[PDB]
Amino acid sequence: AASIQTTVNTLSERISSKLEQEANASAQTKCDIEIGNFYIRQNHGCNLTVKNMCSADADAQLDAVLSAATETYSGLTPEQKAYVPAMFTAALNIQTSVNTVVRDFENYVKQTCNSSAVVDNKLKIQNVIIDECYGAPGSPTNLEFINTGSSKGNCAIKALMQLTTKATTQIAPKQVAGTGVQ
């Protein structure tokens, strides 16, 4: 919703600025890996875009993305933070509480994005496919996938995108074929 959009915009700004100020990246820099298709299977109100902000050092990218996510989470109010654990279990199968979100996300990234079934991906074109996303027709959710140019960096970006899209579906009105549900 509107809280989510504001937070995602902040996250997006922080990741971009972090990559540009701490990972020597730029919108004009040539990317090693390009994003092929970026879509949501059950897309109910989400508008997607891809922003290239590539650089040469994948480890710096990962540190920039993680730092950006940490800062953004920490800046949320307790009420907003309370919605994050549900995002983690449904999107990444991580069971956490508000006080351990940061530590648990850092461990997930380090175990998942620093894992050769990732960095070994010689594919110069990655497709990003998410199962569901929600947005009101009059105020669709705007989601931007920031392409870091590396498989390692994008692994972190994708994890964040999975959490973000899950957040929208979790606050979406509950219904099946227009009839109120559980």
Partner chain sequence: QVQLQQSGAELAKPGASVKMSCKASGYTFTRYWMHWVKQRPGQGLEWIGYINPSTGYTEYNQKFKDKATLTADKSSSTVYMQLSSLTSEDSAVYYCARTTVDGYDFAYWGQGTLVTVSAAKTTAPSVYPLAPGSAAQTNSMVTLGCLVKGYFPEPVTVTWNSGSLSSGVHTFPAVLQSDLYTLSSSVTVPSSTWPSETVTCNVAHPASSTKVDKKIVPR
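Residues that one form lacks are left out of the comparison. Positions refer to the first chain, counted from 1. C-alpha atoms forming the largest set that superposes within 1.5 Å between two forms make up the rigid core. First, how it differs from the form solved in complex with the partner chain.
Core-superposed comparison between these two forms: residues with C-alpha shifts of 2 Å or more form a single run of three or more, at 170 to 172.
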Given for the second form:
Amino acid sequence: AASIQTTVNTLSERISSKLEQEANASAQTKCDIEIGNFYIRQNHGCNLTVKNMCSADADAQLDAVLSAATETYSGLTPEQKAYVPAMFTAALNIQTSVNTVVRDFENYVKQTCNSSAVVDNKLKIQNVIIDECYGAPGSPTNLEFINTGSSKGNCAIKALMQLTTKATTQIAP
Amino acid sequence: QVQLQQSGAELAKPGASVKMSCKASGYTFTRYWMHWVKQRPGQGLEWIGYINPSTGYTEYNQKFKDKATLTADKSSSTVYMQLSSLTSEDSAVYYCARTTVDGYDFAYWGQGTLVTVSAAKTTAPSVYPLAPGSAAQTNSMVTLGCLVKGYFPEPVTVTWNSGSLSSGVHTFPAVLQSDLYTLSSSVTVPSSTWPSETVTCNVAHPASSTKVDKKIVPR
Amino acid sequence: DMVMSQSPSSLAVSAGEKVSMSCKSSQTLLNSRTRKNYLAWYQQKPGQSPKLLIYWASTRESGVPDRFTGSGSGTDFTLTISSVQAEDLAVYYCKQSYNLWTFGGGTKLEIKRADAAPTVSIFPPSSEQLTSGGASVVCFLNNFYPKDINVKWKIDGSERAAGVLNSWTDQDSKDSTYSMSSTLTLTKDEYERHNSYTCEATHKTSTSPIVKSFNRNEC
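Now show me the form solved in complex with the partner chain; what you just gave was the form deposited without the partner chain.
Below: every chain and molecule of the assembly, starting with the one above.
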């Protein structure tokens, strides 16, 4: 239903919040990496916005993001959680029980986000491109990309987003 | 307290390279950006580039793009800056600075690292003591001296009684002449304090492991 | 690209008085949305590292006296010291942090003071410099103002021109005066083939030159 938005908003605030706490991020802190074009391939009703919450410590960031994501997921009801494993496999190719999720995610993140491909990126303006997202006819889905300020930080944010968008495929029949 | 220890002075041949360091401590190394700045003798500050200790991300002034290279070792909490293909134009003092929280301004600075690019060869200075004429029968107080002549490169330190004596002291700027610097220092004290008190001149010139102290005995 | 222009290049003012300097950029440093001006002010006292004074166009850095004031916006900024003090002697640099980073040429702040004559001191060659094979006669002119003096050497009444190396210090951050060191260098031979040594100082504080002499046959 429309709680999917309730959730993405909870996440967006919890993320924006922990970065500020666990990493001294702020709306007015220099940004190494800036977001360029942020769009979706198959956009069936998702309005996108980018927010800056930059800080210098990429690892403090990555930890805050995983943290928020874990807190948020832990807030879902047993009934809701059950749909997550499917999203996972759909957006990443990874089996997972309703428990091993949190862990499996962390592993995926840690690996991916530390890849040379990622950490070695010295390209200042980076484009975020998800590929599918849906929104109800009445109300569209609002997605916000929180720019951590680092290639490694945004890598986590992006992975999170890829999952989120795969959950919007469930609201729209 | 926050502190940035930059490596010692340096003398390199033209065309050579050199690699300075900045050891940081007193704050989370990975929480702030580290910038480098250049300053030729008698000229203004000049931004070179910056580096994010945590990710190794860097950005340089277009002007230095091919000259300077910033790196960082998280395990040692130190940042290195390396200059290549040196020229007389590279002779200057280089500073490392830790940014403020937002990462836009420089809150803390190092003491700087002077680099001299010359084909000339190191040479230890000679420290001679300067004592008054002879007719000591001339008023209250008295000024003494210490002449440091004929060294290279330019970094030398002069203190009186290892720092205890800092009042009424004037260290004159080194003056180059035939590839050899000459520097002098003067100190004033009360008639009674000398020769009664022992006024010694401590001089150091790391460029040639020269370190000497010179007591000032009367004529 | 970005260009910072400070003005004036230097200015003299007496203690107590007020001063203002300008910093102008070829690009606006203001962020319409946030209303923030990405520009700061740095102070660099002689022989020291640059210190952060004002950040964000007008915010005072922790521990900075309130007599320093940052103002301006967009592309025209001004730094103002309400009532300057001797210790404020330094070069002030303005730096933009909007599009990368850039420093201005800086404004050297000098201190106007009351005219004062120098305290001259003469120094005969060192015993070990002599055995060494040479002879340098040092003459110190301490604490004078203005900065312009005329030292003149005379050997047995004869003015020697070649063989001298002069050096002025940086205006004292306490009494705002200058001091100079004049060094006449000879070989032990010429030194002994003469008897009277004299340095003649000429400062606007008098039409009668201050002199100090000595003879080898006195020590």
